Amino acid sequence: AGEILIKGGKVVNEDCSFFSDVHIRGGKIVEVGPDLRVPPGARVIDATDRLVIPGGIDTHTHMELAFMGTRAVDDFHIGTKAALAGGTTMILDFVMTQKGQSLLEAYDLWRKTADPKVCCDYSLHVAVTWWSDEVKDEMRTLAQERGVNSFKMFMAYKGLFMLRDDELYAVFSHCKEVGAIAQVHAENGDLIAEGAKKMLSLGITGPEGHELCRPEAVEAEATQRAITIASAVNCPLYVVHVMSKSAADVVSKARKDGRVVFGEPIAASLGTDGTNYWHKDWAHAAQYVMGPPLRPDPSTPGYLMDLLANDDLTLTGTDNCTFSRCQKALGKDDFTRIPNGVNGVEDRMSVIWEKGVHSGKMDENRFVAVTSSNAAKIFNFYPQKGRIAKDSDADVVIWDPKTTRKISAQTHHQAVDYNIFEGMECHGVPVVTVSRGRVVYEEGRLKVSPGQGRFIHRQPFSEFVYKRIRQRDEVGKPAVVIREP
């Protein structure tokens, strides 16, 4: 078995908080209630003065992705260990299928690479980077048989991943047909391409060139465009890594307007800003380069946190895609060659608690919502995860909201040799992490093996996502006016 009894703490779910013990057996929470009995042999974790919360679910990772030709240094093994140490018990990673390549083969390739290495549970989104009868069939197979209800499309990366409006329309339509959610990288790829070419010709080769060639308008525009196409075919839409105030306002307006869309800010865009691209030290500046870029407006992260609190934005990931200082350096003479991506998987939970809860922007319950419950709802395994209740998976974190910890590349568990949150003092510390009913992290120490985590197979037509979509198919059909010829 391994039986665990978490005693003395306060359970925090999305809807409310209450004092209770949590009894874990065989991978599951089998009971929640006051003063539970300790069965002989069960380990007691003492949660007196702690919050007992669902482990974090990182909706957005790229572990060991080969990109910009090189591969991210946090791999499935180290990345998941780092997640665990930061209070995160599941990651959802993106299968980056290449143009013309089979989606199934790319899927197979990701499972073979991750299955023997994950230390926590995980699941996969699949990128749709080209279109054809074959892609259409493979998307159906993926949604019905391979446990994947999320497909990722790119409006940027011209020549590489980009799809045009007419292909987005076709792809979005077929997502709706197989009951998947459509995820979008929302930047105008034509403007990025022209922007970068122009920055280079002006001799602006540094990281400030990366942000200047694709300011937030270029994100906001594609965000609106994606919502418009999706709304036209009644397909549910998910906007990954919202980085800017204007793009977040597009999503906030579309939702007030009843559009079925979700916005996902990330740790990076909630915890720091793009003024770093202007840093005198090239290496420092290049640490922050990712697409879309962090924004030079200092009010951005606080504004994004306010919208996250208010549910204009709904859940969080990290877009963790790390490259060491010596890999970033591939672009020392040309910012278009800096491999894009920052850290976050480990620090997301503390970063959000410090910037969101300690600051008085959201309460502990909205915190649980935006770090696990909503991910589980949208990707279709709630309340299996994202909730502390009988029958749920025992992915649980004992959380100390009153103590602080400073984030540093010197004490973090990620492979990358720097940290975009370097120096930040955060209230909220994961003191014990439980994953699949086992104590994988306690007293600063990890105790877990590569392969201990499991792939989570999901069904299509997530209810949280589809109930309005289906009712609209029923009563929102356009009608003819009846006329003599």
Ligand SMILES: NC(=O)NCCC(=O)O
The other form holds:
There are 4 protein chains.
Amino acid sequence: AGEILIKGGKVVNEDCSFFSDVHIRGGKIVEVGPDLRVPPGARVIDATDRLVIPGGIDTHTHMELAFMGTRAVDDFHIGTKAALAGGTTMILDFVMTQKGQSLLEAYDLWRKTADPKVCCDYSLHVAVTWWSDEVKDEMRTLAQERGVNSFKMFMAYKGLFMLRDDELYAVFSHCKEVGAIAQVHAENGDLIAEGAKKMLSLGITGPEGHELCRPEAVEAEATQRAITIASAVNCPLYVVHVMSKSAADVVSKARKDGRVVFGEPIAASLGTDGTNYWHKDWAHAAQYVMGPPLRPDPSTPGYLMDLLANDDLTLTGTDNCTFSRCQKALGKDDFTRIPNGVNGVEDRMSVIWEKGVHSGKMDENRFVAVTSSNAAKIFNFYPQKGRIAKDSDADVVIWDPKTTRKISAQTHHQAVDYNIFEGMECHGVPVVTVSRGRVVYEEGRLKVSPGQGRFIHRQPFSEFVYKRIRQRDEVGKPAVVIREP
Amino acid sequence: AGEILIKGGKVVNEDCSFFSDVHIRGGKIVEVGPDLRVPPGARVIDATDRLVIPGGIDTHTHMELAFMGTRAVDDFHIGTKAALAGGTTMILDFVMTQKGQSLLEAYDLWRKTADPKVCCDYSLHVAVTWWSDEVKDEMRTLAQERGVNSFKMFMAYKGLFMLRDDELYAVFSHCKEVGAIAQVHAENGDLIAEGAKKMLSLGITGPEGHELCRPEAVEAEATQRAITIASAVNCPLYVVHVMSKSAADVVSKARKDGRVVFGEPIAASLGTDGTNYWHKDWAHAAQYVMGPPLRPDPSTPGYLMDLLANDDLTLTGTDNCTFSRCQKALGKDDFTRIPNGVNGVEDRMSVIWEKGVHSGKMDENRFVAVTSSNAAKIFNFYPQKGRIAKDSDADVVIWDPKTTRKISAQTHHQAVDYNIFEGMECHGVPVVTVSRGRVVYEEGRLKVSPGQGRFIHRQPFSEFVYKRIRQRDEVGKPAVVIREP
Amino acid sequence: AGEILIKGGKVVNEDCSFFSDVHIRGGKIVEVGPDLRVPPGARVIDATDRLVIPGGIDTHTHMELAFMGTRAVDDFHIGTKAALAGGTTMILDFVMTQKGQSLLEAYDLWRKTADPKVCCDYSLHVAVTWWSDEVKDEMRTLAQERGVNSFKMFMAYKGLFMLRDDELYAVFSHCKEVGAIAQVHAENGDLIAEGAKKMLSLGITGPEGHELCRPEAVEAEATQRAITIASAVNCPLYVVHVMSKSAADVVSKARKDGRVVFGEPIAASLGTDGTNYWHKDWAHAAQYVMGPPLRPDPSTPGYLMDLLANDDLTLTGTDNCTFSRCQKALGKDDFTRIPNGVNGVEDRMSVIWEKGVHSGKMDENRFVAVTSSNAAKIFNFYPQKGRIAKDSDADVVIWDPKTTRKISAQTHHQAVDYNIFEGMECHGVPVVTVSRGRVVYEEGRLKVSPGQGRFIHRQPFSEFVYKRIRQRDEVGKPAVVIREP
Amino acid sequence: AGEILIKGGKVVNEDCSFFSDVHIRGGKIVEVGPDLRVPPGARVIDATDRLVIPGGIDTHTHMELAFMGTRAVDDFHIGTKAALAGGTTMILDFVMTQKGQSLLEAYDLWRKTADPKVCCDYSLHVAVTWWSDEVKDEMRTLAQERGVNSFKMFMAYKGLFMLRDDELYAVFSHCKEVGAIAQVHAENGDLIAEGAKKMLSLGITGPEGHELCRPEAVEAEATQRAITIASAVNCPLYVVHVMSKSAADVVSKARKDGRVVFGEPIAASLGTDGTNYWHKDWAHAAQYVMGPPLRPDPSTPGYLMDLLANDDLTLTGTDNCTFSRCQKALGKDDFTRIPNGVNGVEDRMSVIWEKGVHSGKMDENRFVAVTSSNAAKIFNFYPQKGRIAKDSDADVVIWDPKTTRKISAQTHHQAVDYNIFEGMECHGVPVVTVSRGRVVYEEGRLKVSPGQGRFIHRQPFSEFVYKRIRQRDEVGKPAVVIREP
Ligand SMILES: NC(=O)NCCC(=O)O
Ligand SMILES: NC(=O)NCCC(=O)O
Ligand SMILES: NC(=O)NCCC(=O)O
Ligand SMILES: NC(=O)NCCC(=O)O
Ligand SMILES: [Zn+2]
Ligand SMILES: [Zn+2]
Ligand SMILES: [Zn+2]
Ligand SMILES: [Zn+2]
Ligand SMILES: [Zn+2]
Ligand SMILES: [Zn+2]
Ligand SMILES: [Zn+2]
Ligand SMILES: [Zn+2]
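Could the form deposited with N-(aminocarbonyl)-beta-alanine bound be given as well, to go with the form deposited without N-(aminocarbonyl)-beta-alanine?
After this comes the whole thing, all chains and molecules, with the earlier chain placed first.
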């Protein structure tokens, strides 16, 4: 069996917190309540003075992605181990289909790579990086049979992944038809391409050139544009890696205006800023390079945390896409060649707790919402995950909100040899991680086998995403004026 | 016993909706799950094609209030009956303590009046309409022993209930000390007093004078002021009856800015507008008169519903404070003498469903949040109410979202002889109402006895309200700069 | 000679108003001051109780444009006559170069058509409707030798005039190089194309389909996008025909943010709204059809006037592009075939005075700014026009602000057989119009000859437009961080 | 006579810039034009490579004010000398009438003190620090006979100058009746009083306590409140010393909304920030203390300059109210006793040029608007001052925009022994200052006699301020609905 009783702790769900024990049997939570009996043989995890929360769900990872010449060093095995050590029990990774390549082939290739390696549960989003009848069919198959209800489109990466407004319109229309959510990388790829060309011609080859060629206006513009096209076809939209105040404000305004759109800041944009691109040490600066870039306005991470607290922004991922110091160095003379991507999978939970809960910006319940529950709602497996309740999956973290840990590449479990949060002292430590009903992390040690985690198959038409869309299809149809001919 | 099994319906909570039966025994929900056994003797309510939702909680009523010369016609008995017929199973009414009068006496007087009459559960807020050592002591007693964690302060009603900024500061400080929430009637009472004097001198004695003397700037101003004072003392704030776009925007901005404040639109401001004050029929116009007034900008109710959907605004009441046609007529020659107050207790649920869910602005789950769950969270009895779950109170409504009912003073159960929503066709009908585990409304008929309802005693420091306040007390203390003398 | 002395009136300039006579000799104002001597032979125009203002400058006309199959009925001759009768003494018309056609040929063709016909002064903007080395050269020639410092680009009209973001970037870059201002028609042409296709498939063929296929989000999106690209290249930008609140707000925000951008509402969007597209009479509805469309939110024209008063919006034109009732009827069965364009050249001045000055939104001086002075500043001939002062051109209107005139296609001087402002009672009447130092309109009668007006040759680098751009070129250059290799 | 010909320079007015000489005779500009003849005897000031601009007008000074126990060290003599040396040729100083004291007596006392000492022209605003029939009469006399059209009211300084909302309403009403503009010190005096009491009890006695007791919310709140009351009585309003982003945004929103209100940032809030209150050196920190305080958000001065460039904010003063290092030291142990006030009169022009024009935020013409022209328009002597034109007063500065000067208490002409802009390198130097047609400053040396300057008597109903107010009185009267009784 493996029975666990988590005793003495305070359960924290998105709605409220309460003292109760949690009885885990066979991969599931089978009872939640005060003073539960320890069945003979069951292991007791003593959660006295700890919070018992749903494991974190990272909506946004790229484990071992082949990108910009080289492949990310955190792979599905190490990446999921590092996740677990940081209190994160599921990741959602992007199938980065190449232009002209079958989405089903790319999906198959990702499942073959990840299935034997993941140490925690996971699922996949599929990038739609070109358009045709075939992609159209494949999206339906993915949504109805392969357990994927999220497709990722790019407005940046000109020549590589970018789609133009007419194609986004079509793609978004078909997302709505198959009951998928549309995710977008929202930056203006034409401005980025011109921008970088210009920074290089001016001899600005360092990482400050990377930020200067695509300042936050370029992100805010494409964010509004994506929302507008999606609003025109009544397709639900998800803006991945919101990095800037102005893009966050676009999302905030559109939601207030009743648009079905969700904004996802990431640990990087919540925990540090882009002043690091101006560091005198080139290696240090390059560590932070990713698209969109972190912003040189120091008030950014605090502001994004305030909007995350208030639900202008709704949930978090990390965009974990790591490259070692010697891989980043590929762009020593030209920032367009630094492989883009930062760490976060392991530290997300502590970073958000320290910058969001300890700071007084959000409460512990909103913390659960924005680290697991909302991901489960949008991507369609709530309350199977994201809630401590009978019948839910036993993905559970015992959390110490009072003790601190200092984040350091010297003690972290990620494969990357630096950490963008190097030195940060965070309140909020994952003391014990349970995944699929097994203790996989405790006393600073991991106990898990590659392949122990499972792919989570999801159904389309997630209710949290589609119930308003469908009611608007029914009452928001345009009408003709009846006239004499 | 009275056992009820509600079978075949779809349960709708704030987080998600799911098919399940609900077993009610002894005033409580004792089981929720699929295909439950009907125990011998238990009555089955067939909820096939219906939603099974928590009963509505009206945060804002004034049943039989003696006000402006006369007393409201809907009393605790008829008012709670009408509530039940409209799908609302709890009301929170205001103890309107007079200036210089003991808050404990006023509280006692309200409990004596309401206890033998209420047909559904209820609780009370207490108005703090003057300030002194005695009021200070009485507030502590109310909060610690009398089950009241909400105190109501007025920035309008000059000469009558109004408090100045220094007194609000003190009052708000002491609310924070006793773990109460501060509610405010946010209009500038000095502008209202000057405004009305001016409208009368210009011979504008009709109800249009009532709105013109205190247009929405006057509400927005006092709303910002209340938020600022409350932010200065770190006291949680609740703005009652938000009537206008601009005041709603103040609340929306303050929350985005991380201020602990909640905004409560009411059915009136969600379901109609203030163009009615300009109606050629004086009686018709006077029906809508209340403070703050409904606004002549027709886009108002739709905008307030959009902000309620997005959580800029968080929950709803009705400010039910009804006066018959012949009572309103007291101000035939002078709008300052029309007793202020409109209906809503009965129609709130259908009005919000039609204007909010049927319109596609919010989903059924957000509907439960803004009609019961959030009230229970703020006023500190969740999930005892506001949730369909084992151990919760059996206050449950079987709801038909597809059928319409037309609202009319001819068919309504309120004592008042008109209805501000006269003629409105609403999708969303309460077909069966269960209160304290008894069927009190079914087949258009009420079956309930005055006194059947119970006063709900609450504890202070509601966690949903105070967890951020307390963390800010711990990390947001101002520090001195250490200097050589 | 033709000497005129305008006596007894109050001169109104953009900065202030003052009593003075104005002495006109040889096409120029040669003296302004109190109690001027009447030289023997000079005609006195008695301006007692009248304002003496600079003639209106219409920044935005399409006289006799061949468009959507047919050509506008108001031609350079009738159009300029109608302008004069309405108090407007200069128009700036768009050379609508076709895709692949020489801009110089189109320019020559417009000068040949207009020179022998105009009855008042005029100048030209040139549309850049495709991109290449040749267009690049021609733009330089136009700017340096042909008196044109304004080029017009389209984000709408897919297949016809539309340019993509990379081309706008290049085009805007070259505008900056030649010291021109970039004008943009800011709507998303991909959304319009999809939108219309969809409205037709739903059998919405009436004019309401025209507005519904491109609601204001589509305008606001492209407006932000244009501003962003122009900000990226430091090119000054001008947004023509701002029709909606949301697009106006984009412009307002960008200016507050220090972006060099100007917004131009037109008489149509200041004086009426798009509810007319829903009129039961098809002919009536089609009268209002133009791109972007007038908006069905009735608060629009008032809001645009408030932003024009506050300088969020800076100056006005009419987009005068008129088609008779039988020409509009070309789209009786399909709104995509209604020739787009409304009237305004004649009524602009009275419409803006009535809706802006008489309403109390702006003063008479701001009225001069937004009807002549700012056009002269941006398009680079101030104070030669747009000011009553010694040495300025004698384009002068004697204006009665107190008397009303009702606008009617029955009394107007435009060739079109209807008027979108039909029935409007406007305070503010042009009683006498002086153009090039000659009385061309008085006692309701026109006295002017086709060809009397002159083309105004302008120089590039208008100081009002470029002084900030050039200082930013000097201090806003991006810098490299100096690092060890 | 004293004739001066200023030759070879570029004249810069609010509307445009142009090459011309300026002929000065007898205190007036008597001709402006190219290549003017030098009359025998006239002194030529060679303005080759210089701008010739209207002298600066400082709307906001307190020369030798007795305040908080002691009197400001810059008096009318030294203060006006320092003004002249900085390119400022007029100051408007506040008659600080004490509570219960005759406004006419205070006015007389200020004229007696200033008349024999001023070295440049000046005028006065009168503070209305209490309310009664007598103050009412005195305000009329001041406005009609004493040349004052601006009255200053306080929402801060509880116990000392503060007025409550009902009194502001009355005061603002009477300002409108006498054709005066209402100026307000907009901070919530009740919050300040509580705030400071709290900071002291926590042992925060340093200048950081001064800012922390009244953060920018306290300013923004009172700013909105003042605007609302003034909007209710249709009285034009002027918000003095706007110090914070949020208060500036209130003003910006109200103007966009068509409210007649003007915002005046000062040199301090445009040129430095409130991080200085946290300096380890107490003397340094105390130098910056004034009400409202400078703000610790470093983006503030840049943001205020952007809103000044865009006309959200309209004109500038300095609030010059200086106290020596040993006078500031009066509050060594208690920040409530540091005499409030900073320097600026001398450096305003260079500070604004460097931070506003050199930075690319505004052009030279907007610079003239916000340093002289708008003050002259609002306070009612334009174009007698604020314009280089025939008949205007010869208050003229020859300005070098290319050379820098470093500001230092070691080289400045103010009496105060420190400078809040210490060390700042500003482009933009006043090389020659002409006041009343005499060279009073050249080659770094002053040549002027105490009493040479004149008091400027103004008339009420300034047109720039009142033309919209009066039109709204005529068309914005509320109407009754006509009903059967
Ligand atoms: N961009 C980046 O740096 N991380 C992942 C690649 C992407 O999605 O943009
Ligand atoms: N105002 C009103 O009309 N209803 C209740 C009384 C109040 O709270 O203002
Ligand atoms: N569009 C329109 O209706 N008038 C002129 C053509 C254009 O510029 O769009
Ligand atoms: N406050 C200040 O520091 N300067 C002048 C006094 C005032 O007006 O507030
Ligand atoms: Zn991305
Ligand atoms: Zn990514
Ligand atoms: Zn109230
Ligand atoms: Zn109430
Ligand atoms: Zn156009
Ligand atoms: Zn046009
Ligand atoms: Zn002040
Ligand atoms: Zn002052």
